[PDB]
Structures are given as C-alpha cells and as structure tokens.
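Enquirer: The residues making up each chain are set out below.
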Amino acid sequence: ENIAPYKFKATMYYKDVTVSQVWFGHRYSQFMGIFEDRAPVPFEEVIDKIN
Amino acid sequence: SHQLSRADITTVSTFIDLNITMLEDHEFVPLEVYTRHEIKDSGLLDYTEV
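The listed protein sequences derive, respectively, from chains C and A.
Okay, so the first sequence: first residue is 152 according to the entry's author numbering, each after it adds one.
Okay, so the second sequence: first residue is 656 according to the entry's author numbering, each after it adds one.
Quick caveat, the hints were computed from the structure, so don't treat them as lab data.
No residue lacks a Cβ here, since even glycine has one placed at the ideal position from N, Cα and C.
Some hints could be false.
[To be verified] Capping the alpha-carbon separation at 30 Å, the derived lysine-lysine pairs in DSS-like fashion look like this:
| hint | chain 1 | residue 1 | chain 2 | residue 2 |
| --- | --- | --- | --- | --- |
| 1 | C | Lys166 | C | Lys200 |
| 2 | C | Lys160 | C | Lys200 |
| 3 | C | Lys158 | C | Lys200 |
| 4 | C | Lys160 | A | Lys695 |
| 5 | A | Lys695 | C | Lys158 |
[To be verified] Over 10 Å on every C-beta distance to chain C, these chain A residues come out as not near it, computed from the model:
| hint | residue |
| --- | --- |
| 6 | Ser656 |
| 7 | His657 |
| 8 | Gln658 |
| 9 | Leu659 |
| 10 | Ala662 |
| 11 | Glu679 |
| 12 | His681 |
| 13 | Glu682 |
| 14 | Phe683 |
| 15 | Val684 |
| 16 | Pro685 |
| 17 | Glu687 |
| 18 | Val705 |
[To be verified] Pairwise CB distance ranges, derived in the manner of DEER restraints:
| hint | chain 1 | residue 1 | chain 2 | residue 2 | range |
| --- | --- | --- | --- | --- | --- |
| 19 | C | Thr169 | A | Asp701 | 21 to 31 Å |
| 20 | C | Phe194 | A | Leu699 | 44 to 54 Å |
| 21 | A | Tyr689 | C | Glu195 | 37 to 47 Å |
Model the full assembly from the supplied sequences, consistent with the hints where possible.
Expert: Okay, structure coming up:
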C-alpha cells in the first residue's frame with residue numbers, strides 16, 4: 152500500500168503585506184499594532200510579470 | 656585358478672540408505688514493509704518541518 156503522499160513541486164506567489172502602526176513618543180517609539188497579511192498574486196501578474 | 660579384483664565382482668548392498676542433509680545456512684536480511692522514515696513521510700504534514 153502506497154502510504155507515501157504524492158509529492159510534487161509547486162511555487163507559491165504571494166505578497167507579504169505588513170501594515171505597522173507606530174506611536175512616536177518624546178524619547179521613544181512603540182509599535183501599537185502590526186497587521187501582517189498574505190495576498191495572492193494575480194494570474195496576470197504571475198504570467199506577464201513574474202514569469 | 657586366478658586372482659580377481661574386487662571391482663570385478665558385482666556387490667549387493669546390505670545397507671539401508673538413510674539420506675540426511677543439513678538445513679542450509681540461511682541469512683535473514685533486514686526487511687521492513689515500511690521504514691521508520693517512510694512512516695514519518697506518510698504524514699501529510701510534519702509540524703517540526705513546517
């Protein structure tokens with residue numbers, strides 16, 4: 152029995168979008184939030200631009 | 656009359672032939688249906704690797 156998974160190479164195209172909110176105090180700077188998101192790369196951008 | 660070599664006379668066998676052969680030295684190879692590796696790879700994800 153083939154317990155081994157079917158393995159194949161794939162390519163993940165995505166854009167790490169990090170929006171950081173920063174508060175600037177008098178003598179210091181502090182992160183008040185870091186929204187990290189992963190956006191898909193459109194087909195028109197994978198074919199025309201990346202490839 | 657004359658002398659005769661033994662092989663010149665047919666010999667009848669008074670012995671019962673009991674043929675016993677030893678069991679061949681047999682070597683057992685390491686055989687595993689799935690190795691500890693194959694089994695670890697069988698997992699669709701490994702948390703460690705991920």
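Enquirer: Each hint: holds or not?
Expert: So, going through the hints one by one against the coordinates:
Of the supplied pair hints, the one linking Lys166 of chain C and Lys200 of chain C holds, its CA atoms being roughly 14 Å apart against a limit of 30 Å. Note on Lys160 of chain C and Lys200 of chain C: the hinted pairing holds, with a Cα-Cα distance of about 21 Å set against a maximum of 30 Å. Proposed proximity of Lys158 of chain C and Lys200 of chain C is supported: the alpha carbons are some 28 Å apart, at most 30 Å. In summary, the hint linking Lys160 of chain C to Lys695 of chain A is supported, as the alpha carbons are separated by about 19 Å, within the 30 Å threshold.
Simply put, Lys695 of chain A and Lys158 of chain C have alpha-carbon atoms about 14 Å apart, close enough for the 30 Å limit, and the pair holds. The Cβ of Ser656 of chain A sits about 83 Å from the closest Cβ of chain C, beyond the 10 Å cut-off, so the non-interface label holds. Chain C leaves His657 of chain A outside its interface by the beta-carbon criterion, the shortest separation being 81 Å against a cut-off of 10 Å. Distance check on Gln658 of chain A: its Cβ is at least 78 Å (rounded) from any Cβ of chain C, clearing the 10 Å threshold; non-interface status holds.
For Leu659 of chain A, the non-interface assignment is confirmed: its Cβ lies about 74 Å from the closest Cβ of chain C, beyond the 10 Å cut-off. For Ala662 of chain A, the shortest C-beta to C-beta distance to chain C comes to about 66 Å, beyond the 10 Å cut-off, and the non-interface label holds. Interface exclusion of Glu679 of chain A from chain C stands, the closest Cβ pair being 33 Å apart, more than 10 Å. Residue-level check passed: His681 of chain A sits 28 Å from the nearest beta carbon of chain C, beyond 10 Å.
At roughly 28 Å from the closest C-beta of chain C, the C-beta of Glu682 of chain A stays outside 10 Å, upholding its exclusion from the interface. Every CB of chain C is more than 10 Å from the CB of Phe683 of chain A (nearest about 23 Å), matching its label as outside the interface. Every CB of chain C is more than 10 Å from the CB of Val684 of chain A (nearest about 21 Å), matching its label as outside the interface. No beta-carbon of chain C is positioned within 10 Å of the beta-carbon of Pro685 of chain A; the least distance is around 19 Å.
Listed as a non-interface residue, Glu687 of chain A keeps its Cβ farther than 10 Å from every Cβ of chain C; the least gap is roughly 13 Å. At the 10 Å boundary, the C-beta of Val705 of chain A stays outside the reach of chain C, the nearest C-beta of that chain being 14 Å off. A hinted range of 21 to 31 Å holds for the C-beta pair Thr169 of chain C and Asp701 of chain A, which are about 27 Å apart. In this structure, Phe194 of chain C and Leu699 of chain A break the distance hint of 44 to 54 Å, their C-beta atoms being roughly 27 Å apart.
Checking the proposed 37 to 47 Å range against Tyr689 of chain A and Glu195 of chain C shows it holds: the Cβ atoms sit about 45 Å from each other.
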